[PDB]
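The chain below stands alone and is given as structure tokens, in the form solved without the ligand.
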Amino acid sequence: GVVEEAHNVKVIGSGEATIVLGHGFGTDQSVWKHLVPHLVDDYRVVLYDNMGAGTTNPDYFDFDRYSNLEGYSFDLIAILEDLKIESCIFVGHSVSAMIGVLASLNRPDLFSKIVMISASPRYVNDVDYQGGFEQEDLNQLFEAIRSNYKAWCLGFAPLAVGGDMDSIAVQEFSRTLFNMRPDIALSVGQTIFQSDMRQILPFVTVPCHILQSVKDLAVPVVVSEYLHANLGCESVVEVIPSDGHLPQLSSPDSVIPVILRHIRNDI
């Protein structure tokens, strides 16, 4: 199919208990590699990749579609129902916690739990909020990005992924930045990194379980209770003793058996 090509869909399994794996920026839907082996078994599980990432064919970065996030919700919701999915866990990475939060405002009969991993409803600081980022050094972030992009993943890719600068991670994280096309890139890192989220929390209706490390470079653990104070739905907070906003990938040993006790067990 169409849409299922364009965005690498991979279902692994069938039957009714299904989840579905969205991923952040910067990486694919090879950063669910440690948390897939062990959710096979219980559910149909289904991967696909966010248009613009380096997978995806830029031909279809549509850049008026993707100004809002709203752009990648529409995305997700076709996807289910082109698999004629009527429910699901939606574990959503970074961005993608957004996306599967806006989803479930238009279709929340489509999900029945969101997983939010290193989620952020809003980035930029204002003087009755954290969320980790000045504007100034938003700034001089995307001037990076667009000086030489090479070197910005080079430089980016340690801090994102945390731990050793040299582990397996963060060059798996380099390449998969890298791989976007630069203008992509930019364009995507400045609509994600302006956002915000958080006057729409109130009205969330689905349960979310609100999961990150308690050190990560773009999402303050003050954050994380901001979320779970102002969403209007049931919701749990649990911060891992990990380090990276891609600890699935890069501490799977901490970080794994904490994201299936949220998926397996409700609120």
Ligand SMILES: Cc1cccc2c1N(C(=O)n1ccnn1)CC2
Given for the second form:
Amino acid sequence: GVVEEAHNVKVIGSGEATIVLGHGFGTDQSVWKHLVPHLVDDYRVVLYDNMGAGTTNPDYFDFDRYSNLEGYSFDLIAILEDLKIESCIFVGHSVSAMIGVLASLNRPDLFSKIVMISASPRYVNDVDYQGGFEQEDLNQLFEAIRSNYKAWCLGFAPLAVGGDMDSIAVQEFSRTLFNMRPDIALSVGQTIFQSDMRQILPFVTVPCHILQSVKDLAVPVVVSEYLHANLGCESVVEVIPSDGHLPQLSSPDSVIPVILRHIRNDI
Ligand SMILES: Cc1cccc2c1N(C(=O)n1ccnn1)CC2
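To test you: the structure above is the form solved without the ligand. What is the structure of the form solved in complex with the ligand?
Following is the full complex, with the preceding chain placed first.
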């Protein structure tokens, strides 16, 4: 199909239970490479790339459709329907956690569980809300993107990934980040980093598992507490002893067992 091709959809493993994995900004489904081997024996696993990822066709990036996160949520619902999936566990990394939340507001019937990795409803600080960024920080980021995309990618990747600045995961993410079209990276970067999902959290009904690294430059720990406090569904938080915004890529020994526990066990 065109949309499974457009999103590089892969379906692997086998189970009576389906799990769908959604990746974050700057990466692609390869971010799940250390998790998938532990899923394929028990679950049917669906991987897909968000439109605008470096692995996707820039001809298909519709700036109108993706000026809002719900454009990505509609892509996810369209993938689920075309695969004839009527129920899945959704695992959402970074922005995909909020995309998964919006999709569950539109179609709560399709999700039995949302497992969030490195999620945030809002990155900019607000009154009695610490998201971790002032508007001037984001403006500096967008200007660096415009000014020299390759230089921005090389400085950003170690900060996003954390840990040793020369690790395999920093190199992987530096590569996928630079492979994004820079005009798409700026537009998506602005859309994501300036988003605000706080208002719809009390209306979620799908149970949510809120996981993050204790040390994450884009997600202060108090964000996980905010999510837990304001999500209207039942939820649970686990702050992992790990560093970085893509911990399932860079620190699998400490992170993958935590993700598996929350996939395999319900609230
Ligand atoms: C890790 C990181 C390091 C330094 C500045 C920033 C990041 N952010 C991200 O990645 N995203 C946030 C949502 N989607 N991606 C937020 C801006």
